[PDB]
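First, one chain by itself: the form deposited in one PDB entry, in structure tokens.
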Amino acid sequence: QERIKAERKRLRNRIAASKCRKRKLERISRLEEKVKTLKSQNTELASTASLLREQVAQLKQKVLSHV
């Protein structure tokens, strides 16, 4: 039975490996989702910023027009 215990060790190792893969794929999935959300947010913010710049440009223009 000196060998069966090594087969047990083998099985434990294959389990550990499997669990590792599952945790890694879950982390990669969360991160991908994160990067997606952040990209959407940064696109909306970038839009807001652009619009605000346009507005400020017009206000400044008018202000100068009344000098």
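What we label the rigid core is the largest C-alpha set whose atoms superpose within 1.5 Å from one form to the other. Numbering follows the first chain given and starts at 1. Compared with the form deposited in another entry:
Fit the rigid core and compare the CA positions between the two forms: of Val56, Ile15, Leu25, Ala49, just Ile15 moves by 2 angstroms or more.
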Second form
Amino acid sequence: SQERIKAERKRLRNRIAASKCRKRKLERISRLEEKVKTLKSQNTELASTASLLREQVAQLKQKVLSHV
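The structure above corresponds to the form deposited in one PDB entry; please provide the structure of the form deposited in another entry.
The following holds one chain only.
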């Protein structure tokens, strides 16, 4: 049946196209999720560094004052 063949091939091509598009979508979502996670971790490190430095600078300024 040429008709049966034609119909099933069309649906199957469409299903490949679908599943490959889904793969692309989920991969893009996953990269965005990973990038958010990376950035939160990087910014946690930076924020701890910055708060350490603010405390250290404040201590140094007290030492300067100790001599004026």
